[PDB]
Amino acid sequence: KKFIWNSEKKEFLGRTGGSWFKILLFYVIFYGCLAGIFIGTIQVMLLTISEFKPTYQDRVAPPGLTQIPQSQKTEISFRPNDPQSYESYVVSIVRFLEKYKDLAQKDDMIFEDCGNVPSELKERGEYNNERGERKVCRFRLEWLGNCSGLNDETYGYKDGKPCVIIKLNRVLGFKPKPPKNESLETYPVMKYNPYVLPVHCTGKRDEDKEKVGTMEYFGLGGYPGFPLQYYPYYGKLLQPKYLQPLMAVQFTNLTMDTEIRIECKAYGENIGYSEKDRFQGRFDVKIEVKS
């Protein structure tokens, strides 16, 4: 009963030739109309959104806190001697900072020299297209001392006492608001509370906090945070080649051959947290410099 393939009275795979053409023609017209309808409705959907602003922005309320070595498990395990052991780290650091070189930021028509001191927020009008392409404040690698250097094509980083820079999740129209001068116990921090988003790293328990001896932060003018002169963001369409602020963190006195947990928590009023998302506001890392 399963050899209905053909017969002398015509049938192929189950039906005749003239029937195969009728069904195929119908399905082609039917699916063609379905495709045109889906495309037309998806076009109306495209007409309901603008080019300079996402309609819903509540799902990114607390900005994240990422790092340069996008580790497979937020762990930094390498050998201070073997150059190939830490190649995966350095490669990502050089590629990340490849757009921050002095040669990359050379056009004066799209770049603006903000300043050597963190200042107030820089609002470039409204988010519409009435104004031309906004300017992006420059951020030279020299701001991150001891984690930038004037190295060649390969940034010879720190083998012993590694460097891990932090970055604030780029959000459109987000205006960072650092904590009030009434700081509710934010550990040792500089008095430059009004024009920089503070970020403080620490261990996770009584063990990690003891293993991590000394940490040295690097930022704009020497402040451990992000300057307010670089915010808010005006989208990729209006501000291409934008350079969000960066801030490096070096762990000088570490206990070699020991995996220790570090939690870099960014503080501020407009910075939320989440017990489910360990990246919203805070940031974790598992460093282990095994010799």
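If you superpose the two forms and keep the largest set of C-alpha atoms that fall within 1.5 Å, you have the rigid core. Positions refer to the first chain, counted from 1. First, how it differs from the form deposited in another entry.
- Only one of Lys106, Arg205, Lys177, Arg95 has its C-alpha shifted by 2 Å or more between these two forms once the core is superposed, and that residue is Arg205.
- The Cα shift for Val136 between these two forms, taken after rigid core superposition, is smaller than 2 angstroms.
- Taking 2 Å as the criterion, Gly272 does not count as shifted between these two forms: its C-alpha moves by less than this amount when the rigid core is aligned.
- Fitting the two forms on the rigid core leaves the C-alpha of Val117 displaced by under 2 angstroms between these two forms.
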Second form
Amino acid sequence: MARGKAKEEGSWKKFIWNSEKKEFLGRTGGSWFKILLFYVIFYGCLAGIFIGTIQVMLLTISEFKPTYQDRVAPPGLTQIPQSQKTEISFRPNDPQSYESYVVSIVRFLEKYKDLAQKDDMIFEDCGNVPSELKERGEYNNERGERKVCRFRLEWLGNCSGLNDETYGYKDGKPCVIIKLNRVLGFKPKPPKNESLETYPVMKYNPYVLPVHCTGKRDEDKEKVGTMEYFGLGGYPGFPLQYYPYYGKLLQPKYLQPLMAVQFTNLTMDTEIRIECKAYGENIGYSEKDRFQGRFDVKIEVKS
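Next, give the form deposited in another entry, keeping in mind that what was shown is the form deposited in one PDB entry.
Chain alone follows, minus partners and molecules.
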């Protein structure tokens, strides 16, 4: 042939060499540009199709309710002291060894201060006794920002105080504070007399969802502690009048029901495993999820 092609080159200098024409081991600034541009418009418009197809999916979800909930289906039971490894270990006598546990628990409970629940428009007064599900309405923008069922620091017996800067919390014999996971549109159902609990059904079958903290499981276990459940109405569980929950979009400052457990045992200098459990029909448990509807906190008051 007479056609000039192939690579009969004899310069590894061509890696950057260009005195002829082409450069950077590449081609000319006209094709070194041209293909660059290709990828520019290719990746460009390609990114547009990801953009576009993401957009279509977005308008298949209501910004009021999740299209799916079956994966958070039964809620789990979570404490407010930031469990190190589910363990709350400290030296009762020394302030330092728990100051961490305090700043965490204190920061959370500043959402529930009385000075924070000021205005009557956003915050509504739900009775000083646990009632039935105050159903705000239909999960839309029909009725605007739904009212927030208030919750007073004082209901949490003995774990509220009123100091200066930082809350003066429990150094000798700690205060664990239990909470329920916010499921949008959920309504707790308290146990009847059939599927009874590991303990005698403390009163309020109608409107309280029971929470009981025993030792490590139920079988042969070193039971060494003094439980003491503090709450609204003085009942060991959750006030149904706070549910259902209507999302961050419809309830921006919604305060969920709290319920504390000041553990004032009779055995220092040792670690003990204690399992809390929320009993009910709308509450489930999992052998794998150590937090689903239950609790496994191990605390050590080693002074």
